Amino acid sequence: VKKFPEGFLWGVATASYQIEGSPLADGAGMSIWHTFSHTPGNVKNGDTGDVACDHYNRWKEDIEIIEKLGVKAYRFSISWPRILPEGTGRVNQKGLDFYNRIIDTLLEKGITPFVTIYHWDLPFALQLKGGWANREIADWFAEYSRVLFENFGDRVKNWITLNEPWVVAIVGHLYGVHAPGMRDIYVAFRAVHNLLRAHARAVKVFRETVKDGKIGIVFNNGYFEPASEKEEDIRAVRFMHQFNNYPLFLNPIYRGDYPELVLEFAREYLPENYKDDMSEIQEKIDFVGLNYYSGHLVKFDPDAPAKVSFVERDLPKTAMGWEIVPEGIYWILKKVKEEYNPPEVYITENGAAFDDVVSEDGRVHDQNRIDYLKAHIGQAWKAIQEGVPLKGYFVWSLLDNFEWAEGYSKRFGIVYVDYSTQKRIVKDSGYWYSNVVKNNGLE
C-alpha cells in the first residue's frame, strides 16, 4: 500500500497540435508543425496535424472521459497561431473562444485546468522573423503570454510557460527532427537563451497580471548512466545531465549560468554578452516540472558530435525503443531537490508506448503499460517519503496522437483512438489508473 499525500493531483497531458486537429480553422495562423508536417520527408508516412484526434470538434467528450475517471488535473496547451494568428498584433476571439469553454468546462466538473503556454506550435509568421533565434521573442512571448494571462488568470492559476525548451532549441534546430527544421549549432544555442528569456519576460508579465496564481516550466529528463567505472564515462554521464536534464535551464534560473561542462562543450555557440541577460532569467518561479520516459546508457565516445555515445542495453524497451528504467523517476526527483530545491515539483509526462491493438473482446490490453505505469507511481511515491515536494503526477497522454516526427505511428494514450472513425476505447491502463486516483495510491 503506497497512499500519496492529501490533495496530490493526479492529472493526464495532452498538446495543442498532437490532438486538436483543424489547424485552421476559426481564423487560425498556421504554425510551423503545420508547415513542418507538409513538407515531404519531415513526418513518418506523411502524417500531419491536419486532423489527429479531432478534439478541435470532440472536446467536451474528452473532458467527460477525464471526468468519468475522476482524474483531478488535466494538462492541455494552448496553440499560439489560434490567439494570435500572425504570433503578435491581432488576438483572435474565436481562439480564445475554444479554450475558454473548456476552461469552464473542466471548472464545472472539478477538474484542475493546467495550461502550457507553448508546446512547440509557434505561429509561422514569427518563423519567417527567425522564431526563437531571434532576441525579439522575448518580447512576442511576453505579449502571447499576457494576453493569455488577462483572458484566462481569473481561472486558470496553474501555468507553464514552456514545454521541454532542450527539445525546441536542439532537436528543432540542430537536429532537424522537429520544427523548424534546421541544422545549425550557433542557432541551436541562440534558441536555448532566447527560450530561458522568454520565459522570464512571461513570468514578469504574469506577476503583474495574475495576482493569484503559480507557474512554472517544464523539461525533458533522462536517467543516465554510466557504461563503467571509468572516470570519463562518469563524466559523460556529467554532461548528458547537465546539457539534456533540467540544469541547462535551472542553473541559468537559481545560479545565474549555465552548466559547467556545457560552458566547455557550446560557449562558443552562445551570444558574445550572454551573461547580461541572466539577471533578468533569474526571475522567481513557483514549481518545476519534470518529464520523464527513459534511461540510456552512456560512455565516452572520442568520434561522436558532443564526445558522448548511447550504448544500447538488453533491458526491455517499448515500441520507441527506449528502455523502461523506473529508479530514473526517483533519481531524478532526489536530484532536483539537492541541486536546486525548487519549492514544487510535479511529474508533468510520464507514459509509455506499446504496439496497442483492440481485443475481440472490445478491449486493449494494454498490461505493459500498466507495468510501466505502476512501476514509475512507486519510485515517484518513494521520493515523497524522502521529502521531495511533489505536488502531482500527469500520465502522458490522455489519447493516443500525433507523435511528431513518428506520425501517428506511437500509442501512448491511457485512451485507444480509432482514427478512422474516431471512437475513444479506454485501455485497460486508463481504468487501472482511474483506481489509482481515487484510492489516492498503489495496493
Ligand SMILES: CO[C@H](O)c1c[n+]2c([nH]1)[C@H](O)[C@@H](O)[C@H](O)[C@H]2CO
The other form holds:
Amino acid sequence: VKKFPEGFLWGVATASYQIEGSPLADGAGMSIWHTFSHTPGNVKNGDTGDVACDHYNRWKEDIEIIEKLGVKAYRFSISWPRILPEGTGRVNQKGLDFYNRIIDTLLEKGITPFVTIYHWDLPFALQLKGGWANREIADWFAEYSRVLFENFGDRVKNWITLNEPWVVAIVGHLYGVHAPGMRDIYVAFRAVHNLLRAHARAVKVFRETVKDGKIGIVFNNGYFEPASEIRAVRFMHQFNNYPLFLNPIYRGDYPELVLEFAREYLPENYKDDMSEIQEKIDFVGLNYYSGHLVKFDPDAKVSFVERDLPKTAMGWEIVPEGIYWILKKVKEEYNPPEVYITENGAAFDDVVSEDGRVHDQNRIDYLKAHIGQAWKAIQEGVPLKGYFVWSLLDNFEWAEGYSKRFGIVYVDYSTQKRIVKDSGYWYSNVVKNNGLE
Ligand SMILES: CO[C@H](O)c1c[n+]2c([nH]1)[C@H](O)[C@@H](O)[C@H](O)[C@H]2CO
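What's the form deposited with the ligand bound like, now that we've got the form solved without the ligand?
Full assembly next; the chain just shown is listed first.
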C-alpha cells in the first residue's frame, strides 16, 4: 500500500469562468473571457462561458457531490468582475454573497477552501486600460485582493494569488490563443513582470489584513526531456516552468536563459522592482499534466518532437514520472516550505454507457500513476501537503470550449445532469484510504 502523511489534503479544482455560466448576472462586469469567447473565431464551435456547468445556480449540488465523495479540499476561483464590476472602485455585494454562500457551505461540511484569486477572467474594464500590460495593475490587483481578504479571510485561510502567470502572459499576449488575444512579445514580457509585481503587492496586503492564513502562487509545468545527448531542455524548464517566477521570488532576478532569450522585451529598469517581488510566500502550487521531448531547432530555437506514447484527448503525452521530477526539482532549486499539486488530470473521450455509468479506466490509470509518483517524492522528502484533481466537473476548456472533458464528474450539458465517473468513485476510495492500495 502507498499511504500519504496524516492530514494530507485531497482536493478537486475548478475555475470561475469554466464552470459558473451567468457571467453577467447580479451586476457582474464583463470579463475578457466573455468578450474573447463572444468574438468569432477565438473558441472552438463558437462555445462561450454563458452557461457552462450552470454552477452559478447549481453550486450547492456540486459541493454536495464533493462532500459525498469525501474529498477534503476544494480549489475554486473568484471572478474579479463579479466582485468589482469595473475592476477597481465599486464593490458588488451580490458577487460577495455568491462566494460567501459557497465558503460557509464548504466549512459547514468540513471541506477546506483553497481560493484562487485570479484564474484568467480579468475585468474587461481593466483590459481597456491595458490589463496586464499596465504597471498600474499591481495597484488594481492589490485593491481587489484586499477586498477578498477583508470579506473572506476570517474563513478562508488558504489563498492563491495567480493561476499560471506564464499562460496569462504568453498564451494571452504572445500566442494570442487566450484572452485578451494579443500577439506582441514586448507586451507579453511586460505582463510576466507585472504579474510578479501584482502577486507581491497582494501577498503584502495579505500580511496586513489576514494575520492567521497562508498565501501562495500556482505555476504550470511540463516534464521536458532532450531528444538526444539538453540546453534547450534547460531553457524550456526556466521559461515554461516555475523558475520564470520563482527565481525572481527567491533570488531576485529572472533565470539566466530567460534573460538570454528575452532581456530586450523586459522593461529597461525591471531590477528596480525585484526587491518588492521577493515578498515571502507560504507555499508553491505546481500544476502538472504532460511531458515533452525537446530539441534545439534553429528555425525560441526549440521544437517539440512527437513520441509514440499514450496521449490524452488533448494529444498530451502521458508521462507520470514528470510529476515526481518537478516535485524533486522544486525542492532542489528553491526549497519552498510547502508544496501542493494544485492541478493534475486528463481529458478523455468520455461516453455514458447504457448502464448509466462512465467507464473512464483511462483516467483512473492516469491519476493512479501520477498519485504514485507524488507519493514517491513525499518518501524522498518533498514537503507535499496536498493534491488536487483537475477537475471536479467537465467544463469550458478555454479555446477548446466544451469539446474537452477533464472531470471526475460527467456533465450532460443539455440537462445539466452530473454523472459521477468511475474515476470519481475510484478517487473517493483513495481519499477515504488516504492513499493507494
Ligand atoms: C498549461 O498548463 C496545463 O496544461 C494546464 C491545464 N489546465 C490548466 N493549465 C488550467 O489551469 C485550467 O484552467 C485548464 O482547464 C486545465 C486543463 O487544460
